[PDB]
Amino acid sequence: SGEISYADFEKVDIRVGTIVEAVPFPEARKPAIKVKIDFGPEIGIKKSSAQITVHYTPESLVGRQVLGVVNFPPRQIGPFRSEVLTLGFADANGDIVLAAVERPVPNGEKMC
Amino acid sequence: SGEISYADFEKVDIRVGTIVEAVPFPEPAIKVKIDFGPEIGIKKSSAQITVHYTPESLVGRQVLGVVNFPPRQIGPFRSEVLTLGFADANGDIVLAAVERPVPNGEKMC
Numbered sequence: 002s003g004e005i006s007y008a009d010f011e012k013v014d015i016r017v018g019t020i021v022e023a024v025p026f027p028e029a030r031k032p033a034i035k036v037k038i039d040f041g042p043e044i045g046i047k048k049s050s051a052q053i054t055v056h057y058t059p060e061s062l063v064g065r066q067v068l069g070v071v072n073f074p075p076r077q078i079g080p081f082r083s084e085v086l087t088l089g090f091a092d093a094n095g096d097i098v099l100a101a102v103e104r105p106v107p108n109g110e111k112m113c
Numbered sequence: 002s003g004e005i006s007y008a009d010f011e012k013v014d015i016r017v018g019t020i021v022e023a024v025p026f027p028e032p033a034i035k036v037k038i039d040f041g042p043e044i045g046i047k048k049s050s051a052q053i054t055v056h057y058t059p060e061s062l063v064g065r066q067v068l069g070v071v072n073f074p075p076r077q078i079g080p081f082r083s084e085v086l087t088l089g090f091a092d093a094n095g096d097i098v099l100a101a102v103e104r105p106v107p108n109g110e111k112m113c
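Chains as they are written, first to last, in PDB author numbering: chain A, 2 to 113; chain B, 2 to 28, 32 to 113.
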């Protein structure tokens with residue numbers, strides 16, 4: 002990807018939030034989990050989903066802080082209307098590892 | 002922020018890398037070198053991260069960085085990437101991280 006300005010980075014609104022609900026998404030083509038993430042009092046609770054069943058479980062995900070893009074338009078993923086892209090990386094086997102914060106931070110803080 | 006497209010997000014190139022060197026930057033900051041793997045290589049950065057971190061606690065840590073800004077001089081120091089983080093409840097910087105080890109140079113998506 003070509004070089005960018007700070008403005009073109011800053012306009013992408015990435016926030017940290019805490020997963021408050023997680024359930025399997027068996028309707029999806031690939032194995033996946035649906036979550037609700039609390040992004041703090043201003044942004045509120047937002048829906049997302051991800052192919053994160055290899056390393057994570059609905060039971061263990063609740064309470065984890067994740068990073069998400071919060072300013073996309075909603076995305077219909079089969080029957081599920083997602084509001085946020087939950088961010089991660091492929092590991093050495095291609096399985097998804099979640100982005101995180103090194104220690105707890107207020108929900109709704111912007112990445113910078 | 003106002004609404005953006007997937008394409009707008011794709012213009013931003015954020016990678017995971019490993020801090021391989023860290024030294025204090027009196028002027032409060034720390035200068036780091038980050039290994040972003042075989043395609044990108046070693047990149048320099050500096051950050052006001054002295055409240056929660058030291059050079060000793062940094063070296064070996066994986067961090068996230070924007071790798072596609074123009075490089076900039078800070079006196080003789082050539083800063084090449086933005087090391088990503090968040091303000092804590094007191095305004096002090098907490099590093100973005102990965103939940104478990106990932107190959108250096110993988111793209112955030």
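Any given hint could turn out to be false.
Said to hold, decoys possible - Computed list of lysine-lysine pairs in DSSO-like fashion (alpha-carbon distance at most 27 Å, straight line):
(1) A/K31 to B/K111
(2) A/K111 to B/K47
(3) B/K111 to A/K111
(4) B/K111 to A/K37
(5) B/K48 to B/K111
(6) B/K48 to A/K111
(7) B/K47 to A/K12
To be verified - If you want the footprint, here are the derived chain B segments under chain A, 3+ residues with CB under 8 Å:
(8) 18-27
(9) 40-50
(10) 67-76
(11) 103-113
Hints in this document: simulated from the structure, not taken from any laboratory.
For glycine and all other residues, C-beta sits at the position ideal for the given N, C-alpha and C.
Okay, the hints, checked on the actual structure:
1. A/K31 to B/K111: Within the cut-off at roughly 21 Å; holds.
2. A/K111 to B/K47: Holds: A/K111 and B/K47 sit about 24 Å apart, inside 27 Å.
3. B/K111 to A/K111: holds, 19 Å
4. B/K111 to A/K37: Holds, because 24 Å separates the two Cα atoms, which is no more than 27 Å.
5. B/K48 to B/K111: holds, 18 Å
6. B/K48 to A/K111: Measuring from Cα to Cα gives roughly 23 Å; hence the hint holds.
7. B/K47 to A/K12: holds, 24 Å
8. 18-27: The restraint on the stretch 18-27 of chain B is violated, since only 0 of its residues have a Cβ under 8 Å from chain A and three are required.
9. 40-50: It is violated: at least three residues are needed, and the stretch 40-50 of chain B offers just 0 whose Cβ sits closer than 8 Å to chain A.
10. 67-76: Per the Cβ count (5), the hint holds.
11. 103-113: It holds, with 9 qualifying residues against the three required.
Hint compliance for this structure: hints 8, 9 are broken, all remaining hints hold.
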